[PDB]
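The chain below stands alone and is given as structure tokens, in the form solved without the ligand.
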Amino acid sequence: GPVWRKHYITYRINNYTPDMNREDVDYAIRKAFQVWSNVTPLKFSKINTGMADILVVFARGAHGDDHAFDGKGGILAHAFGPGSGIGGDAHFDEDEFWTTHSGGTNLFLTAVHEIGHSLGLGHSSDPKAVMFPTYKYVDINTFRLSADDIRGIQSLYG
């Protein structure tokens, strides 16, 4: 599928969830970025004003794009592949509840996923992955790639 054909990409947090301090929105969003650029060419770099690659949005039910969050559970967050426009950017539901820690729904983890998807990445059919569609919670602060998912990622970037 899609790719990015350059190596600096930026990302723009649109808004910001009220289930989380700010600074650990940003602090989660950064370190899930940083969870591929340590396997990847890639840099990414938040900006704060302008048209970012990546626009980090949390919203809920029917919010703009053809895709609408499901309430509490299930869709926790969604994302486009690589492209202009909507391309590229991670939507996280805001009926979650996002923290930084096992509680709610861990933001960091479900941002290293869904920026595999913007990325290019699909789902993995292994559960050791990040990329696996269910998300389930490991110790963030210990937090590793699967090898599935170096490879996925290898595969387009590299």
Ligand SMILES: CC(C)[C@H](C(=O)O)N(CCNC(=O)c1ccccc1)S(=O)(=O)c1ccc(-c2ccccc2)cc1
Contents of the next structure:
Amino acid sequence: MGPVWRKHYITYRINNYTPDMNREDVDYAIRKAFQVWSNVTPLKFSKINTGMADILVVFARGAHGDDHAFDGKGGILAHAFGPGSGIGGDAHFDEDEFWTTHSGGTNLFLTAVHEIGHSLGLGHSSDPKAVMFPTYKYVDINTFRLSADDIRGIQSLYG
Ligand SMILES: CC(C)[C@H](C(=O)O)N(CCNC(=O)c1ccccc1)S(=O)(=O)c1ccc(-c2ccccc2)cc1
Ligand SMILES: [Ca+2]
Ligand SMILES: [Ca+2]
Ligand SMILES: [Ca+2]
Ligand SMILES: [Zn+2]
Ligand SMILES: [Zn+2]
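Switch over from the form solved without the ligand to the form deposited with the ligand bound, please.
Following is the full complex, with the preceding chain placed first.
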């Protein structure tokens, strides 16, 4: 399991914004990614604009303060630490990627769904249709859904 969030009201803060996208588009993509997980669990997420939140969302290139430097364009897209104090929960996105709302570049929403999975304590699935499969995919977002494996994985932690 890992430890899990021992409370069901979890705060997040967007630390900074990628210049690849409009700020409002970043806000929407992240809020909707959290919503994917709250739709199948009792978890509730709340965005805050001041102070430290449980989950800090950061855009950064190369070394960014946590022993896990990003690698430039391509390769690693993002990473997130599992539930825990401090850096635990935080989700970091590689600014050397080109973040988009569509099929071009790297889709922020889909990547955020995957990283938030890790922020909540999920590892990787072996189901190729699962969002927690370790390989990037792009699917039409308005028909994107969590796979059976994703749903029961997250419910095994937060049911
Ligand atoms: C660094 C790691 C935390 C990260 C991730 O899983 O989020 N990546 C995976 C790195 N490779 C592996 O962990 C691995 C594990 C077993 C065998 C081989 C390699 S990723 O950045 O390539 C990455 C990959 C995919 C997605 C993703 C998946 C589905 C939809 C959108 C994005 C996001 C980041
Ligand atoms: Ca990269
Ligand atoms: Ca944290
Ligand atoms: Ca970028
Ligand atoms: Zn990091
Ligand atoms: Zn992953």
